[PDB]
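A.B. asks: What follows is the residue order along each chain.
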Amino acid sequence: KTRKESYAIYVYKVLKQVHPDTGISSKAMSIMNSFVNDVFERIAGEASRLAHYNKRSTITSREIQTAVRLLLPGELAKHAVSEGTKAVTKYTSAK
Amino acid sequence: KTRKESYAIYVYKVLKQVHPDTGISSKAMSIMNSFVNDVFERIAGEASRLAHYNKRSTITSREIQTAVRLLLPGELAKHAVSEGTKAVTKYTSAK
Amino acid sequence: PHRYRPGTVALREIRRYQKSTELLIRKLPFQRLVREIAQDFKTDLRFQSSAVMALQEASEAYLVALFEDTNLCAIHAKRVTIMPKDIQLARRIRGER
Amino acid sequence: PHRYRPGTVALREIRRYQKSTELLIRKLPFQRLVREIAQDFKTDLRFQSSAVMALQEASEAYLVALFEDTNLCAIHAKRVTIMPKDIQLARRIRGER
Amino acid sequence: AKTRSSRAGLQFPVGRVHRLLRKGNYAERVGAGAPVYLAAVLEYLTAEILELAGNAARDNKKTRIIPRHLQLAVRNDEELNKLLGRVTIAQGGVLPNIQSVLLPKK
Amino acid sequence: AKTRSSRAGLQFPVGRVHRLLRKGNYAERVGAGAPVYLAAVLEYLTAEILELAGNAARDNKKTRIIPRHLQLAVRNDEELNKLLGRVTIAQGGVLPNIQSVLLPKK
Amino acid sequence: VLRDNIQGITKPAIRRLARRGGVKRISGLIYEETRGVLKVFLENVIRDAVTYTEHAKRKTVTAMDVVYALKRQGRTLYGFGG
Amino acid sequence: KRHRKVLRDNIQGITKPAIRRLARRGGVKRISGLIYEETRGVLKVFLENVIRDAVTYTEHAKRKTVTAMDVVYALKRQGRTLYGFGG
DNA sequence: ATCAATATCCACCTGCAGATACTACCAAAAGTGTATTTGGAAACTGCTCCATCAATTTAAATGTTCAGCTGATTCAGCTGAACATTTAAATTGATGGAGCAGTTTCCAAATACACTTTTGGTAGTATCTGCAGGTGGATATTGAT
DNA sequence: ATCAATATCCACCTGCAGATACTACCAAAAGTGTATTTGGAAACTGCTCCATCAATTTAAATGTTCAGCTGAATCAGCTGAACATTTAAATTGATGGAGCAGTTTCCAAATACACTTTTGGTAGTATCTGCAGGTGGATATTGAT
Ligand SMILES: [Cl-]
Ligand SMILES: [Cl-]
Ligand SMILES: [Cl-]
Ligand SMILES: [Cl-]
Ligand SMILES: [Mn+2]
Ligand SMILES: [Mn+2]
Ligand SMILES: [Mn+2]
Ligand SMILES: [Mn+2]
Ligand SMILES: [Mn+2]
Ligand SMILES: [Mn+2]
Ligand SMILES: [Mn+2]
Ligand SMILES: [Mn+2]
Ligand SMILES: [Mn+2]
Ligand SMILES: [Mn+2]
Ligand SMILES: [Mn+2]
Ligand SMILES: [Mn+2]
Ligand SMILES: [Mn+2]
Ligand SMILES: [Mn+2]
Ligand SMILES: [Mn+2]
Ligand SMILES: [Mn+2]
Ligand SMILES: [Mn+2]
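Residue numbers (the deposited numbering), protein chains in the order written: chain H, 28 to 122; chain D, 28 to 122; chain A, 38 to 134; chain E, 38 to 134; chain G, 14 to 119; chain C, 14 to 119; chain B, 21 to 102; chain F, 16 to 102.
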């Protein structure tokens with residue numbers, strides 16, 4: 028009866044963009060859902076430490092950005108940062 | 028004029044209880060201060076996740092107790108549990 | 038009466054099992070082991086089905102990866118046969134010992 | 038003249054350094070190394086002198102314990118001499134490579 | 014009445030990400046852009062894995078991504094392999110790999 | 014006008030520990046027994062290491078504990094060694110330990 | 021015909037796991053060695069999982085208890101919730 | 016500053032006897048000639064990884080001085096927790 | 001080289017376990033409007049960190065000699081692989097009931113906020129002491145013969 | 001078993017870097033005391049999904065036969081250890097200068113909090129369909145001769 032929240036629909040949206048004619052099994056989707064949660068937790072935890080280390084009350088996109096650089100391997104970090112910034116610029120420049 | 032807290036004075040009290048005639052170097056004390064901070068964060072970290080896992084918004088002595096059992100190896104866990112339970116029981120009834 | 042050389046069927050099994058993903062221990066015997074071990078921590082426990090499966094995916098992944106390291110240890114000693122001393126070395130370097 | 042046999046002075050050295058706790062690498066050279074590497078990440082950095090000492094304590098402990106693992110790898114191959122291949126097995130099993 | 018996801022140009026839910034950051038005890042306050050930024054990164058990494066996993070499905074003559082394809086995607090990629098170096102993908106199996114000293118003497 | 018530590022029978026600071034649990038953002042709420050229990054654990058653990066370390070100092074004819082004694086305490090004790098299995102004690106050195114095969118003769 | 025539960029992890033099954041791990045040739049003593057290692061692995065993870073169960077005041081070990089236990093043991097498992 | 020010095024090849028400042036002393040503490044009795052360059056390469060990798068994370072905390076804090084805490088947090092990040100330097 | 005035993009490959013087929021799709025709520029976003037909270041900016045002056053040089057101390061490099069370790073080589077015995085045949089256990093599919101999880105209740109306990117008191121940190125000199133690093137010299141350990 | 005060379009142990013002695021000692025101290029917390037808000041334990045319950053048990057398909061154990069791997073043995077060529085002497089770097093303790101953290105105070109911009117509307121997201125339920133696994137036949141690999 029309770030609602031069980033999941034990244035499933037958004038993972039699926041992203042799958043359609045990248046491989047419009049490719050589906051995905053239940054089990055694979057559950058794997059992708061663990062992946063998103065784990066990465067969320069890792070980035071959020073690092074961002075949290077950074078704030079506390081610097082005696083700051085707030086997690087801002089800057090903490091996220093430094094968190095991404097500490098956590099992601101070289102090239103992965105580079106493109107993640109640019110996606111992050113891209114999305115923030117787009118979002119701010121919205122009337 | 029800067030302020031910075033440490034567990035130095037409490038480590039020294041305990042030391043005086045166990046070895047009345049034994050001192051401690053400033054570098055040894057620094058290690059002891061890192062030790063306490065490190066074990067604080069680990070237990071509190073485990074206690075945090077434990078609450079989150081159970082949809083609790085409160086960290087109680089019952090979370091601290093489960094975190095001690097997850098974190099400490101066998102014999103140290105057993106004895107830390109007693110000492111903790113003992114101090115909580117006494118704290119409630121002394122007041 | 039055709040017969041394969043020692044090692045030919047082993048190599049074939051490697052290729053076969055490296056290609057597949059199915060669990061390689063039968064389910065029931067694994068379930069019994071799990072239940073026996075949990076009983077020593079708390080009696081009269083039940084287990085969700087997916088809990089036993091989780092433990093099995095994990096345990097089998099752990100053992101496969103340990104068998105890889107063990108193999109590198111045997112090969113380091115110029116052997117092709119894994120021995121308990123290879124497992125022991127792998128575990129000691131991992132900091133499991 | 039008197040001569041100790043090969044291996045005798047080496048064993049004496051093991052006892053001596055296993056007994057002591059001082060850093061075994063000179064301070065100035067290790068500091069230049071840290072400075073050089075870090076300059077390559079970011080120009081115009083200063084270091085608190087305890088930041089460099091912390092890096093040296095960590096580095097030497099990392100290397101001592103890697104040599105222990107490497108030693109076990111050599112001995113596993115029935116040798117007493119550590120070789121690059123012992124270090125590489127150790128780091129592979131550790132998940133460093 | 015427009016979602017922050019659409020405003021940021023994302024498939025991933027900026028709103029949900031915001032909530033999860035608040036109720037996760039990460040810090041007292043969470044800034045406006047942090048969830049946008051984090052959502053973007055999560056979307057990005059999902060796309061990265063799904064692309065390569067999709068490719069592995071294709072090569073194996075399949076249109077449905079299963080766990081095996083995720084494992085092949087991740088472990089044949091140096092960077093994804095490193096990020097997930099201590100993760101186990103259920104039903105993933107392993108990469109085919111036989112040490113050459115074990116091969117029969119050709 | 015009593016300290017919570019004296020009430021609990023502890024040398025370790027209950028007030029301080031409560032506050033650090035607040036500042037660390039571990040949960041929205043912190044119960045009154047939480048910092049008493051945790052202060053007790055921390056005190057017990059430091060008593061356990063200081064006892065062994067004081068003994069190590071005595072075995073080495075010294076009145077003053079140094080990091081070397083701290084490291085002998087930890088690494089000679091199975092459980093403390095495991096708790097601190099991934100921790101480096103500065104200026105601790107290692108335990109004397111030479112492998113068998115390396116010794117001379119037969 | 022008693023025989024302990026650990027012996028239910030058969031030589032052939034252990035042989036199969038070794039094959040997936042790329043092993044060609046296996047000493048007779050490996051099978052007992054492997055059973056011992058699996059028991060230690062299971063003990064370590066189950067103890068932690070049971071500890072989550074008891075904390076939640078449950079009589080059933082959930083997949084999430086196991087997942088959480090694996091994570092804190094540095095063996096993150098994907099595909100079972102969380 | 017009248018100038019600024021150029022750092023090159025400082026890894027060779029880690030001499031063969033220093034590396035031998037570390038091996039002795041590690042329990043090593045006999046050492047092959049190629050160990051010294053192998054160890055130099057392992058130490059350089061280790062320092063790059065840790066220095067990289069330390070410098071990232073420094074820049075994040077908008078500082079130009081690498082603090083002991085920057086190093087301690089970096090070591091902790093890598094599961095190499097160090098005691099005796101502020102955490 | 002040939003010859004044959006068996007493993008492996010590809011094409012095609014098909015029903016059903018497991019996908020996708022359609023729907024009807026509604027929990028939780030988004031919107032809207034005060035209500036705090038924060039963390040540069042600018043302006044402090046004040047140490048650490050960096051540079052240099054001289055004197056002194058410690059370590060590295062080199063040259064030379066050769067002990068003994070590594071790696072090659074070879075082989076025989078034993079042990080593990082392969083496989084046929086005999087034996088046992090797991091998988092599968094079918095049904096009560098434990099207990100997880102959903103809901104509604106309320107009080108014990110936790111937050112909040114506002115004076116009141118005290119313990120912890122440091123700063124300034126003050127006093128002192130454990131032991132490092134220098135000396136004995138008596139007690140080992142190693143290696144030549 | 002004997003000698004002698006060189007290392008090691010341990011002893012006492014004594015300057016001092018570093019540790020313990022106030023004294024002021026002050027102030028930043030920790031405590032105390034009502035006053036407000038609520039989390040979660042409790043008890044009741046309904047219904048998933050867990051354990052037990054009686055159906056077939058799947059694997060394990062066992063015996064036997066021998067290929068080929070491991071471990072033992074032997075040895076030469078040469079690397080790496082030991083050590084005296086020479087050569088080079090680091091250490092230590094000066095001093096000074098600038099460059100950067102670090103303590104402090106302002107409010108403009110930012111995020112919290114609260115409450116009111118308006119979905120996108122989910123569970124349920126209702127279709128659609130990749131592909132697992134089966135069969136057939138062609139040809140590849142392996143291994144005997
Ligand atoms: Cl932000
Ligand atoms: Cl063995
Ligand atoms: Cl090599
Ligand atoms: Cl409590
Ligand atoms: Mn450079
Ligand atoms: Mn110039
Ligand atoms: Mn064909
Ligand atoms: Mn169905
Ligand atoms: Mn033979
Ligand atoms: Mn023989
Ligand atoms: Mn046999
Ligand atoms: Mn019931
Ligand atoms: Mn005081
Ligand atoms: Mn001395
Ligand atoms: Mn003398
Ligand atoms: Mn409520
Ligand atoms: Mn051999
Ligand atoms: Mn040579
Ligand atoms: Mn809608
Ligand atoms: Mn098929
Ligand atoms: Mn056919």
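One thing to keep in mind: the hints can contain errors.
One side only, chain H facing chain G, incomplete, derived with CB under 7 Å [stated by the list, open to error]:
no., residue
1, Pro47
2, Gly50
3, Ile51
4, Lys54
5, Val63
6, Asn64
7, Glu73
8, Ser75
9, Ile86
10, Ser88
11, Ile91
12, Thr93
13, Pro100
14, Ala114
15, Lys117
What the hints contain is simulated information worked out from the structure, not anything from laboratory work.
Ideal placement from N, C-alpha and C gives every residue a C-beta, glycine not left out.
A.B. asks: Does each hint hold? Answer for all of them.
C.D. replies: Structure-based check of all given hints:
Taking 7 Å as the C-beta contact cut-off toward chain G, the hint placing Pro47(H) at the interface is violated, the least distance being around 10 Å. The interface hint given for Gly50(H) holds, since its Cβ lies 4 Å from the closest Cβ of chain G, which is under the 7 Å cut-off. With a cut of 7 Å, the hint placing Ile51(H) at the interface with chain G holds, because the nearest CB-to-CB distance is about 4 Å. Hint status for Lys54(H): holds, given a least beta-carbon distance of 5 Å to chain G, under 7 Å.
A least Cβ separation of about 6 Å between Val63(H) and chain G falls short of the 7 Å threshold, and the interface hint therefore holds. Interface restraint check: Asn64(H) against chain G, minimum CB-CB distance 9 Å, threshold 7 Å, status violated. Hint on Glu73(H) is violated. Least Cβ distance to chain G is approximately 10 Å, over the 7 Å limit. Below 7 Å, beta-carbon pairs count as interface contacts, and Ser75(H) has one with chain G at about 4 Å; its hint therefore holds.
Taken as an interface hint, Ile86(H) checks out: its beta carbon lies about 5 Å from the nearest beta carbon of chain G, inside 7 Å. Residue-level restraint check for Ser88(H) holds (minimum Cβ-Cβ distance to chain G is 4 Å; threshold 7 Å). Because the closest C-beta pair between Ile91(H) and chain G is about 5 Å apart, less than 7 Å, the hint holds. The interface hint given for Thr93(H) is broken, as the beta carbon of that residue sits about 11 Å from the closest beta carbon of chain G, more than 7 Å.
The beta carbon of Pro100(H) comes within 4 Å of a beta carbon in chain G, closer than 7 Å, and the hint placing it at the interface holds. Checking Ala114(H) against chain G by beta carbon gives a least distance of about 4 Å; that is within 7 Å, so the hint holds. Interface hint at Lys117(H): satisfied, since its Cβ lies 5 Å from the closest Cβ of chain G, which is below the 7 Å cut-off.
Hint violations for this structure: numbers 1, 6, 7, 12, all remaining hints satisfied.
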